[PDB]
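Undergrad: Here are the chains, one letter per residue:
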Amino acid sequence: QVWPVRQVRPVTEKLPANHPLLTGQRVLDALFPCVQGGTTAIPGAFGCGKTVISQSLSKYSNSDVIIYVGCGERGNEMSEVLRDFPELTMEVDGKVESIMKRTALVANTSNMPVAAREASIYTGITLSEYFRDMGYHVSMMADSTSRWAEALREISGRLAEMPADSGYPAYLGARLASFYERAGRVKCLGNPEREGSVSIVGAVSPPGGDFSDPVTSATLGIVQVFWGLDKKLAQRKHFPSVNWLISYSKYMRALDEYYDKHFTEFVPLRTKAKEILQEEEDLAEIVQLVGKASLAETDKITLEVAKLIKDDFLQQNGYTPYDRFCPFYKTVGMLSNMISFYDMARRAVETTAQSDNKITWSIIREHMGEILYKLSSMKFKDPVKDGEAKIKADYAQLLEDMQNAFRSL
Amino acid sequence: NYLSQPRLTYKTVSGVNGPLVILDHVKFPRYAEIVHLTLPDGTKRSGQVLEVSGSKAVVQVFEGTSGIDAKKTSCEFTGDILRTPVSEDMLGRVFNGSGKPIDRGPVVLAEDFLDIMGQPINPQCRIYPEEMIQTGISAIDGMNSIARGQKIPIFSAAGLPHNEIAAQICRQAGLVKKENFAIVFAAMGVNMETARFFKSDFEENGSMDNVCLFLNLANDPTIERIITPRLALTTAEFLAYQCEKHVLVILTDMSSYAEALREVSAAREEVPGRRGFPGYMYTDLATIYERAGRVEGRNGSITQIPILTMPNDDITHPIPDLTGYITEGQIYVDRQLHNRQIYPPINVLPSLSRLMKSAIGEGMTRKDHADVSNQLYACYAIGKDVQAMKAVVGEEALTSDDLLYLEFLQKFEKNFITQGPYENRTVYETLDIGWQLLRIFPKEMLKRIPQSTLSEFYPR
Amino acid sequence: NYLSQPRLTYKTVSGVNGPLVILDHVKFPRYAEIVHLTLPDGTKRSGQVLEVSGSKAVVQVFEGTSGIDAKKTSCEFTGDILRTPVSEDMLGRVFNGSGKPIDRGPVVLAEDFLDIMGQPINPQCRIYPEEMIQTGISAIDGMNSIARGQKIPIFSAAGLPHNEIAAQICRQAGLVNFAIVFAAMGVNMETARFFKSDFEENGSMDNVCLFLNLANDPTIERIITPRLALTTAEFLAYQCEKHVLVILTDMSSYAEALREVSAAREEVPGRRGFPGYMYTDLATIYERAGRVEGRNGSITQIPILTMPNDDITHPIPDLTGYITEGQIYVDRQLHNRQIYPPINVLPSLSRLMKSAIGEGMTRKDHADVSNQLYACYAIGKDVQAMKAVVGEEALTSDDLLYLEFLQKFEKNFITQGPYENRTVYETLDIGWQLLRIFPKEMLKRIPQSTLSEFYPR
Amino acid sequence: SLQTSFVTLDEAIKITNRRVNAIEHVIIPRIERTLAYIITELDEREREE
Ligand SMILES: Nc1ncnc2c1ncn2[C@@H]1O[C@H](COP(=O)(O)OP(=O)(O)O)[C@@H](O)[C@H]1O
Ligand SMILES: [Mg+2]
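Chains as they are written, first to last, in UniProt numbering: chain F, 237 to 645; chain W, 38 to 215, 225 to 506; chain V, 38 to 213, 226 to 506; chain G, 150 to 198.
Among the clues, some could well be false.
[Stated by the list, open to error] Straight-line C-alpha distance at most 25 Å; calculated DSS-like pairs for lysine-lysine:
| no. | chain 1 | residue 1 | chain 2 | residue 2 |
| --- | --- | --- | --- | --- |
| 1 | W | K48 | W | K109 |
| 2 | F | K621 | F | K536 |
| 3 | F | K486 | F | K473 |
| 4 | W | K457 | F | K510 |
| 5 | W | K436 | W | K493 |
| 6 | F | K473 | V | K460 |
| 7 | W | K245 | F | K250 |
| 8 | V | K489 | F | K617 |
| 9 | F | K543 | F | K467 |
| 10 | F | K621 | V | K493 |
| 11 | W | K436 | W | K413 |
| 12 | F | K528 | V | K436 |
| 13 | F | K295 | F | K617 |
| 14 | F | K621 | V | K403 |
| 15 | F | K467 | V | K489 |
| 16 | V | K430 | F | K546 |
| 17 | G | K163 | V | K48 |
| 18 | F | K510 | V | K489 |
| 19 | F | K528 | W | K436 |
| 20 | W | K430 | F | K250 |
| 21 | W | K81 | W | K137 |
| 22 | F | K468 | V | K81 |
| 23 | W | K489 | W | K430 |
| 24 | F | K594 | F | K626 |
| 25 | V | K403 | V | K493 |
| 26 | F | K543 | F | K628 |
| 27 | F | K468 | V | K403 |
| 28 | F | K594 | F | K543 |
| 29 | V | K403 | F | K467 |
| 30 | F | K473 | V | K489 |
| 31 | V | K109 | F | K468 |
| 32 | W | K137 | F | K510 |
| 33 | F | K473 | F | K497 |
| 34 | V | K489 | F | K546 |
| 35 | W | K489 | F | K486 |
| 36 | F | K546 | V | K460 |
| 37 | V | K108 | F | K473 |
What the hints contain is simulated information worked out from the structure, not anything from laboratory work.
Start from the sequences, fold in the hints, and give me the full structure.
TA: Quick look at the structure:
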């Protein structure tokens, strides 16, 4: 069949989204969730990891089909996908299958004709709506929407049109908003009564790295999830380079009733982790100006567990074999142990700080260096070489290992 | 009398560009006239004459110019400007941004046809509004109080919960007790989840028989936004000034309206204002915002609550900037309060209501309401200055009085501002939550309050 | 088939303004065609058709419009777009920025005439680059490894030694010979002498091709100079099967000439007044690199940049970093401290490094050691920044370990001197020695199985 | 008397020097970067106009 790429394919009804799009990152899946039918933006300066997040999400997500769009970006970033995806396999019925069997690609690299970048976007979303109508859950990656906005600026410029913000045409916001409205979860047309979805994950490439960029500023008015990357995390090799202070998701109130059924313990842990990071951010300016010696032992513990979470939970190298993909059980198990250590270390100080003989974080460190090195090592446990049972058994052993040390204070 | 004479139909299309079609050989063209376009495939669109000169007319097309051509497409000129049908049967109906039904009901069988620009109400014939709307929200009713017949926007930004504040005002609004609103709701450029949220809330409240909805979603045509506020306000003016209802009008993103103006102005190659917006943006916005309030000898009223998404959180941007020069206040929704899970995220410092001065106080609400609002404001202003100093110097530099202001700042955000989405507080609960914070200080610090108000309400 | 029908010549110049000449009564104009202009004094100049409309053609003139007139100036239209004559004789030649010889040798006998603009390679036919080049420079090889076929520019600034680093890379590159194609845009004569001298001093010059546009040469030649050079690299790599290293000298001179050309046409500006399409334009140069299916040859690009006021957010380094596969960053603060090479690793990157290293490629530790050296260097910088506020008496011994690593890293791993040629294996073991300072439980980028094999030596 | 004064005064010298270093190395650079950005963006708005 033949369809006009600029016209939305019809459906019986759009539906609320009720199920997570798992990315296999610990950050993203815990702190800033996304859904089957969701809309996401990934803004960030050059080298932050936008294409590596797009490729990781393409390799490891819970989607039936992937449509991958590379408008205005590198030919080697397309060639990597063609080289990798035949070799990498998912498992079906006790049999392995190449993930290239579920993938389609739409390439228009940074040296191909500028006008064709508009056609890449509408081709890729039309291909995504076609498989949605079969009752599949589809994900579309658009590895830079700034390259499309920048193509509109040249065509608009040669048509001699009046510019809006920074040379872009006044219709740019309407072109973006009507593209993101093609995402969703649906009752399909026709009569076998199936349901399907399209999630859209649009990367954004703000010139100068500043999110006051017209494309970023327009896109953040439209999307429901924002994964804002930071170059000063990327320079430390802190990956994914996501700024957890500015990033957000609007789907948390929709997903809480899923987590209450499948991962009952997670919502308190998510709440505590955000508070520990928010407290460490409030402490860090006082530490920088005043020089740390003023801090109470609660605040030393809060800085130390915030550092533990930042360095050994949020951080995840995407190439090394144990952390390519992090399952949600591994993610909840790791988080539960770090938050449980916070509550035990705080309990020990908060119970004893009134007495003549009392606990301090220096005592806790010196007493527990082996348990601290076990907590930092939890990330190295491997989802396929060790497996679920061995991972969950080890994380329960760390809980007794730290409990015996706190029974011993 | 009627237009009984026939309508001319022209195939003389001469240019097509963005939202605009240009025709020539047009007989005695009329400015602001409506045009109906039949495409080569028989699709029907509609448009309006933005300029006339000699035999040439420039038409903005509401549904967009895709598929139009310079030979087969034909325009029928209606002989008249845009008049909408109206009736009281429009309450409990759902329409698109063009005013066509989407509830699967019939089209409006009119009680009248009204010009969507309205008619100028004489400044001699207006009534000054003094009845307070109790919105049920303490940060509004205590410090930014709203009169029935006011124009007062919510200024907000991307990701913030301005839709929940709007829905909560619609659930909870009434007069202070020592009538209930007809609601007209317009949406420009909203996503499907926003449209579903408001429609679902009015059904959840069990009150859809008293509300009219006009919806233009983010996939619907952008030039329909030019008329959507004017369909909504023309309906509110019939209901208020001919059927004597008390109307509340919600206009849910003025920022996506102002962008549709910038497209048309850019396509016409007009001389810019700031950030590329039309040079006439103030004078256009004023035609929407000044359709509000009360008139002498008629029992109904219109209260206006626009909503703005401010870009980059910039309150000096031409959209929120010009809105303050026309409306009687603003309510400001703040990212720093939202990031801390405070709800409502209303920041009381940049928020204002210009008509509150005469709507509150003795006989209106309670005799302390003016004094308590001033003192709560001054305490929060001082506490925010102490907080900003403290981060430089540490708590060892602060006096016992600086700790009284810094304690108040927490207790105020925790108890007075923070409320939750279905909690409804009277003015009386709002004031007496207020006094529990003013008791943090000794009497000698409460400088905004006269001794009679201290003597009567502090000892309790 | 050959263009056998004769060329038209025109005196119909209807106007002149800025760098643009405007002919009328032109018979069937061709967009992007080349035109030869003869001035009244008999000087020849060339230009290219930048616009066509009915009987009119707009020409930009490469040597400028000064002294052109509406009456005596005459234009000959070539019937064709800009093509360059190419042969394998071009190695061991020197040309100006428009491809005319300047070595007192003859003009090129073509093996073919190639379109200067190249042609986009199909992403299906690209081969991902995975063979590591050893430059022997430890700050590159150990922490920004270069794959054969990469684009990896040198971001530098005025007064820094980016010429000397680029010469050292040309002198030392090999697998764990290159043909060199070198372009210069807007160089002073002492820069032009430095490279030509160094290539003759290393005896290499019979295997180097140079295109020179100096600071006094025409500006609009600069926008064809890298396209002449890359067309020569594409013949040498993808028809003669050679491995080519292409050096493009000061891309900020290319971008500045492009801004000056575009400002005369009044095209939409981007940031800091550069053309709205500058990303696309630079991408047509930088994407002319890599390996391809079924052919042995390859093109590696190392463009050199000058950052205005050392600002990496300026559109030139910014839009270049968005396209290229990393960057090497040359730092004024290391240069002022008399270190060589001044390569600050933190703002630097290589994207193709991740698959060009490790087991079978280099050594099993390489991917772990590199990431731990980045972590300790970033933390050492944070402690040095803390010390400037609170003074040494506030620092714990753990802070002093990172601040000792910092001093030893810049003296042993970074500092090298201009002719030292370290193996990857020397670079890796110099890596482990600095990491050995820290008690092993601090090495939290490295898994137990790597630590227990390499740290105890 | 002199020694308890001296201990108190030593701490006050250390605190004062810490503040001077913070103004010189944290606060003034942050203001000067902010000021340079504002001066840059005002030229961009002017070129757009
Ligand atoms: N999750 C990650 N894990 C490991 N390395 C990463 C990760 N994300 C980014 N990188 C490194 O950073 C480089 C640049 O990432 P990329 O996605 O291409 O950034 P960009 O936003 O510019 O497209 C990668 O080639 C890789 O070397
Ligand atoms: Mg990318």
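Undergrad: Hint by hint, note whether the structure agrees.
TA: Hint check:
no. : hint              : in the structure
1   : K48(W) - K109(W)  : holds (7 Å)
2   : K621(F) - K536(F) : violated (37 Å)
3   : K486(F) - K473(F) : violated (28 Å)
4   : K457(W) - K510(F) : holds (22 Å)
5   : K436(W) - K493(W) : holds (24 Å)
6   : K473(F) - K460(V) : holds (22 Å)
7   : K245(W) - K250(F) : holds (14 Å)
8   : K489(V) - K617(F) : holds (19 Å)
9   : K543(F) - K467(F) : holds (19 Å)
10  : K621(F) - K493(V) : holds (21 Å)
11  : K436(W) - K413(W) : violated (36 Å)
12  : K528(F) - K436(V) : holds (13 Å)
13  : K295(F) - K617(F) : holds (20 Å)
14  : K621(F) - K403(V) : holds (22 Å)
15  : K467(F) - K489(V) : violated (28 Å)
16  : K430(V) - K546(F) : holds (18 Å)
17  : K163(G) - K48(V)  : violated (83 Å)
18  : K510(F) - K489(V) : violated (31 Å)
19  : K528(F) - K436(W) : holds (15 Å)
20  : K430(W) - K250(F) : violated (45 Å)
21  : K81(W) - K137(W)  : holds (14 Å)
22  : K468(F) - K81(V)  : violated (54 Å)
23  : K489(W) - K430(W) : holds (21 Å)
24  : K594(F) - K626(F) : violated (37 Å)
25  : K403(V) - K493(V) : holds (19 Å)
26  : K543(F) - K628(F) : holds (24 Å)
27  : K468(F) - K403(V) : holds (20 Å)
28  : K594(F) - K543(F) : holds (24 Å)
29  : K403(V) - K467(F) : holds (19 Å)
30  : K473(F) - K489(V) : holds (20 Å)
31  : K109(V) - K468(F) : violated (61 Å)
32  : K137(W) - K510(F) : violated (47 Å)
33  : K473(F) - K497(F) : violated (36 Å)
34  : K489(V) - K546(F) : holds (20 Å)
35  : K489(W) - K486(F) : violated (45 Å)
36  : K546(F) - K460(V) : violated (31 Å)
37  : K108(V) - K473(F) : violated (65 Å)
Violation of the numbered hints given earlier is confined to hints 2, 3, 11, 15, 17, 18, 20, 22, 24, 31, 32, 33, 35, 36, 37; the remaining hints are satisfied by the structure.
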